[PDB]
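A.B. asks: So you can see what is in the structure, the chains are spelled out below.
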Amino acid sequence: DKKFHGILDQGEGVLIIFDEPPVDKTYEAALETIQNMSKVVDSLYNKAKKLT
Amino acid sequence: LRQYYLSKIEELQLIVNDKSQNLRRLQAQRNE
Amino acid sequence: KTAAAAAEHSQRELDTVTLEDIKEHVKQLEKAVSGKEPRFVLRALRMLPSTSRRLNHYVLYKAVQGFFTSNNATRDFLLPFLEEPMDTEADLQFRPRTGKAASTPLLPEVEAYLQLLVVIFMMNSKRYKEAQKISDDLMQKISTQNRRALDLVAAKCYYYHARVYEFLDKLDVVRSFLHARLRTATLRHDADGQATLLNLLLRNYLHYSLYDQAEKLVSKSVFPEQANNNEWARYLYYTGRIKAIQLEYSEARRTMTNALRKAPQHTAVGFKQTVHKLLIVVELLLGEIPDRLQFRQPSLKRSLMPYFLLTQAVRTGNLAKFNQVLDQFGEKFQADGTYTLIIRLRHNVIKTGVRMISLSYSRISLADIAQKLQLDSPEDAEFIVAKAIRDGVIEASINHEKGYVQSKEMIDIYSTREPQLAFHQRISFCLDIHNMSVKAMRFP
Amino acid sequence: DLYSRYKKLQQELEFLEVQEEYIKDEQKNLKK
Amino acid sequence: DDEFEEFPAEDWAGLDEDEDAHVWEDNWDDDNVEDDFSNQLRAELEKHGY
Amino acid sequence: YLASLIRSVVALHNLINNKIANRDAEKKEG
Amino acid sequence: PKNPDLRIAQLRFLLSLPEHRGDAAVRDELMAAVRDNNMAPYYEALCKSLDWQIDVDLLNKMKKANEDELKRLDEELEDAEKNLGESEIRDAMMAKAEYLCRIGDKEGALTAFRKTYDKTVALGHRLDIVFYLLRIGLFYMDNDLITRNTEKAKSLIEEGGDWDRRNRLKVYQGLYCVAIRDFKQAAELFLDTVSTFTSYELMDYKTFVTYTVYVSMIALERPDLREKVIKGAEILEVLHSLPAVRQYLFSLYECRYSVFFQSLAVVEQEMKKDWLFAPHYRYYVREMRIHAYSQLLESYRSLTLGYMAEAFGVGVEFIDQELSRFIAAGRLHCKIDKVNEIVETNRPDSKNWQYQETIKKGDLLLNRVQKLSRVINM
Amino acid sequence: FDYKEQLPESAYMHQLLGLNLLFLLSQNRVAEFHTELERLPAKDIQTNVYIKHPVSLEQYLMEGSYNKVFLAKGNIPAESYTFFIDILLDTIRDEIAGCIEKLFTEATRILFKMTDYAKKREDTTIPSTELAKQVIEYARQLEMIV
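Which chain is which? The protein sequence lines are X, C, V, D, e, Z, Y and d, in order. Residue numbers for the first sequence follow PDB author numbering, so the first one is 371 and each next one is one higher. Residue numbers for the second sequence follow PDB author numbering, so the first one is 20 and each next one is one higher. Residue numbers for the third sequence follow PDB author numbering, so the first one is 54 and each next one is one higher. Residue numbers for the fourth sequence follow PDB author numbering, so the first one is 39 and each next one is one higher. Residue numbers for the fifth sequence follow PDB author numbering, so the first one is 16 and each next one is one higher. Residue numbers for the sixth sequence follow PDB author numbering, so the first one is 261 and each next one is one higher. Residue numbers for the seventh sequence follow PDB author numbering, so the first one is 12 and each next one is one higher. Residues 83 to 184, 190 to 199, 205 to 213, 233 to 257 (PDB author numbering) are what the eighth sequence spells out, left to right.
Derived by calculation from the structure, the hints in this document are not laboratory data. Treat the hints with care, since some could be wrong.
To be verified - For each label pair, taking beta carbons as the anchor points, the in silico distance ranges come out as:
| hint | chain 1 | residue 1 | chain 2 | residue 2 | range |
| --- | --- | --- | --- | --- | --- |
| 1 | X | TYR415 | V | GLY445 | 36 to 42 Å |
| 2 | Y | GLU281 | V | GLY445 | 45 to 51 Å |
| 3 | Y | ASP34 | d | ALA154 | 57 to 63 Å |
| 4 | V | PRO497 | X | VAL393 | 30 to 36 Å |
| 5 | e | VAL38 | d | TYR85 | 22 to 28 Å |
| 6 | V | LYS492 | X | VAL393 | 36 to 42 Å |
Said to hold, decoys possible - Just a few of them, taken from the derived set where beta-carbon distance is under 8 Å, the chain Y residues facing chain V:
| hint | residue |
| --- | --- |
| 7 | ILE19 |
| 8 | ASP102 |
| 9 | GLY135 |
| 10 | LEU231 |
| 11 | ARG233 |
| 12 | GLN280 |
| 13 | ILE338 |
| 14 | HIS344 |
| 15 | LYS346 |
| 16 | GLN381 |
| 17 | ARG385 |
| 18 | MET389 |
Where is the CB? At the ideal position from N, CA and C, for every residue including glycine.
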């Protein structure tokens with residue numbers, strides 16, 4: 371349930387505690403930009419197809 | 020020498036045109 | 054019969070529209086000649102199939118008489134060879150060319166355009182003798198001159214000539230002209246002529262299964278990258294087939310998928326079927342399950358249904374099912390052109406299984422793997438796993454001391470030094486697109 | 039003729055090259 | 016815009032009555048050989064009960 | 261990726277518009 | 012109730028494909044069809060089922076009698092009164108079409124409805140006609156007709172809807188559950204679980220909620236579904252009388268897998284003999300198994316197969332077999348280690364997944380860019 | 083291969099060619115092995131006592147079923163062929179020898205002559240220069256011919 375960050379290794383009967391790497395915004399912004407450019411590419415495709 | 024002399028003329032005519040419209044493109048954005 | 058009158062009216066309308074369109078392409082040719090801009094001739098080639106059949110023999114004769122009003126040697130020689138039409142009183146006077154226009158001789162571009170139009174007409178007519186003769190005359194007419202503008206249409210001219218000669222099974226005869234004309238184009242660097250000529254030269258061997266010759270002609274030849282999309286697709290298909298028969302599989306599959314993607318989305322139903330079929334066989338041979346999405350496409354359904362059966366059988370790994378499917382569909386397989394690779398599959402089936410096992414597990418006892426792959430021997434399992442590692446399909450080192458089959462390690466190069474190499478190709482391609490775009494800005 | 043045409047096109051190619059560089063230099067200077 | 020008449024256009028081969036296929040979209044693992052699930056647990060369980 | 265994509269799309273659009281404009285002008289001239 | 016019964020449709024499927032369920036439901040279906048003189052469907056019903064009995068005449072006599080009565084009545088009304096548009100003549104022959112749908116075949120009913128549509132001048136009286144037509148189409152399982160009718164009703168006419176769309180939501184959901192598209196449309200289109208109209212097509216509110224819970228589980232295993240189904244007010248309220256469904260849902264949620272598996276077995280058995288068994292019988296079961304394994308595997312990195320088997324009860328070897336097949340499938344990130352009977356969770360991390368998504372999105376965009384560039388610069 | 087369809091061909095369609103096949107791998111290459119295998123038009127799968135074995139070998143070796151042949155490798159229903167069957171059976175040895183390079192003294196049971209076989213026989236530096244080259248090329252193309 372994401373009450374806290376961690377993981378369990380049943381192999382050794384050990385519980386691991388750590389934190390989740392926060393610095394990730396670059397790739398999210400990049401993926402959004404890619405989708406926007408995909409829409410623009412579709413638009414230019416439409417312009418070219420409508421007008422040779 | 021129509022086989023060759025004409026061979027060279029085309030070999031240096033079609034190509035040289037590409038350096039004609041290229042001059043405009045360099046001329047176009049320059050003014051812009 | 055009112056139907057006959059309606060059909061005659063429709064033919065007259067089509068002929069008038071075709072005359073107008075022919076005048077339009079003639080104007081395009083004149084503009085391209087004046088300005089050294091073959092964009093119009095590329096447009097004419099692109100729209101060439103659309104104008105394949107809208108006239109009649111008498112309409113063509115009258116059009117030629119009206120157009121080649123110039124004392125053209127080509128028309129003068131061709132007219133006597135053409136069968137003389139029966140005496141007809143109805144002879145419309147078509148003189149679009151008067152004064153300077155009539156005096157100016159008709160350009161070889163226009164002459165070749167009309168000749169290839171007659172080629173298409175009597176092609177649908179299946180007039181093989183006259184097609185061949187006209188092609189030869191066109192060949193002499195092209196060879197007399199050395200103008201690049203002509204090759205633009207001459208390429209499709211060669212294509213149609215070759216298509217005619219294929220019916221006659223005269224590929225062994227064409228080969229001489231094909232080779233010579235390819236040599237000439239190469240000595241002149243005619244991109245489109247070279248593309249089509251290389252394509253047909255390859256096609257000959259492909260139909261005649263001279264695969265060593267084809268390999269020579271593909272490796273030693275050079276394909277310019279500026280070629281058309283369609284010719285690129287054909288080249289990729291033929292190269293993929295040659296490689297796949299050549300027992301090299303990874304490059305063949307990569308190229309075949311690239312060509313299939315490049316291929317037209319809605320047109321060329323049969324050709325797309327063939328390319329998909331060869332790619333399907335290659336993928337199955339390379340131990341990868343194909344995409345089930347294709348096998349449900351309405352456009353490529355029944356030509357593959359046997360191949361859907363084959364892929365299901367191979368995945369299930371049932372020898373009886375594979376044998377029965379072969380026994381039931383061998384004739385179709387031969388017809389397609391995949392019997393050799395399928396015979397290869399018939400014993401290479403176990404490779405896909407070893408790949409799947411070595412991909413799903415991380416350490417398997419050798420006896421367990423033997424039980425998994427129905428070999429009935431730990432030694433056989435060891436040999437097979439060594440084979441899997443050797444061929445480069447799995448990346449696990451086998452330890453014949455504790456029955457271990459150790460797979461790869463933890464985080465691989467794909468998060469340490471791989472992403473940079475990955476991005477370099479993308480950036481190079483994007484910059485290339487931009488540079489081509491800017492350099493292709495405009496003529497004026 | 040057939041050699042004079044070739045000489046004319048050679049000279050013209052030379053003189054177009056002698057401009058395809060000047061325009062670019064002017065473009066750099068104007069960007070500055 | 017090309018007819019791309021490479022040569023062949025498959026003629027539907029064994030064109031017959033439409034199987035009606037299925038509008039659902041299906042992956043590869045869809046069709047297998049199995050003995051259901053409830054029977055699976057049933058041939059299962061026993062011994063100590065699975 | 262981002263810079264190359266942006267510049268590529270921008271260049272494509274610029275070429276599209278320039279060619280469209282010049283083709284229409286030349287066609288309408290005569 | 013209204014419309015040719017979807018209950019009759021389910022009985023048709025039962026006396027149909029289910030090859031072991033033909034014992035007493037056959038009797039119920041036959042003795043319910045004999046009443047009301049549905050000669051058209053009864054033809055094919057007898058063709059598939061037992062040979063025949065001498066009752067077809069004894070029913071179709073009065074069936075044609077009533078048909079002739081209605082035809083004479085409405086035709087006489089039309090001839091006597093020249094009223095056009097929304098006239099009692101149209102009411103009457105639409106009633107005739109209603110009877111024709113109720114007893115006779117599909118083609119005649121569709122022709123009748125097409126004929127009666129042209130006279131429609133009331134938007135509500137046309138929306139209800141479209142509802143009837145889609146009900147019949149669902150009854151006979153004609154995908155093309157269903158899609159055409161649904162799209163038409165939704166788009167062309169759904170502008171002054173007096174909250175009839177709730178019914179359109181339910182019919183959309185029936186369609187998208189017939190189609191294996193169980194996730195997006197099938198989940199969202201069960202937001203209107205507050206259905207005052209215990210619709211005809213709905214076998215009952217209990218069956219509606221059971222379908223809602225099954226589709227909710229399949230579309231959202233535990234992806235913050237609890238805020239919609241686990242804590243769902245009306246969902247729970249009805250659930251209290253459906254002990255089996257409550258057991259299944261709460262077993263998946265609370266992580267009681269030994270009982271989740273028995274719940275899934277019972278759900279598969281029950282869905283077998285259902286009018287939505289074709290697209291789920293094995294697909295829904297497999298997806299649920301995968302989601303259960305995935306949920307358990309999360310929160311863990313290494314799991315001894317003994318522990319996994321025990322959590323699932325027992326059947327260690329079966330756990331190996333299923334895990335192997337599923338991992339091979341291309342999902343459920345994990346790698347089995349036979350020599351020690353331990354599994355490992357090799358889940359990609361945030362950066363790795365982000366980059367492996369960016370690479371492919373960029374691949375698609377660059378291919379598109381290249382194709383466009385080739386198209387231009389002819 | 084019929085430079086020209088003639089009429090009398092009674093040896094390579096049977097006792098021969100298939101030896102070329104032997105040589106089509108005898109060395110170790112395969113290209114040809116699988117290339118010409120289109121000529122034998124169709125009787126290849128139709129069999130003829132000939133190609134059959136010359137072909138069975140690779141079908142019974144490519145998988146890795148090395149033993150699939152040694153055992154009854156003596157199935158040579160044609161001309162000697164022995165002139166390479168062993169010449170090829172030799173490669174297998176060297177190939178199977180390939181084995182997690184780097190069975191202790193028991194040797195490979197598919198081959199084991206005794207001990208005459210015993211006689212038989233970036234990571235950590237980030238690439239600076241190459242990356243500098245590639246990046247500077249990026250910059251060059253970015254700022255270049257206006």
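A.B. asks: Take the hints in turn and mark each one as holding or not.
C.D. replies: Evaluated hints:
no., hint, result
1, X:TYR415 - V:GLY445: 36 to 42 Å, "holds (39 Å)"
2, Y:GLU281 - V:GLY445: 45 to 51 Å, "holds (49 Å)"
3, Y:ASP34 - d:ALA154: 57 to 63 Å, "holds (59 Å)"
4, V:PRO497 - X:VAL393: 30 to 36 Å, "violated (51 Å)"
5, e:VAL38 - d:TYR85: 22 to 28 Å, "violated (57 Å)"
6, V:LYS492 - X:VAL393: 36 to 42 Å, "holds (40 Å)"
7, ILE19, "violated (32 Å)"
8, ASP102, "violated (44 Å)"
9, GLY135, "violated (39 Å)"
10, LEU231, "violated (25 Å)"
11, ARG233, "violated (25 Å)"
12, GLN280, "violated (26 Å)"
13, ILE338, "holds (5 Å)"
14, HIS344, "violated (11 Å)"
15, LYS346, "holds (4 Å)"
16, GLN381, "holds (7 Å)"
17, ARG385, "holds (6 Å)"
18, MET389, "holds (5 Å)"
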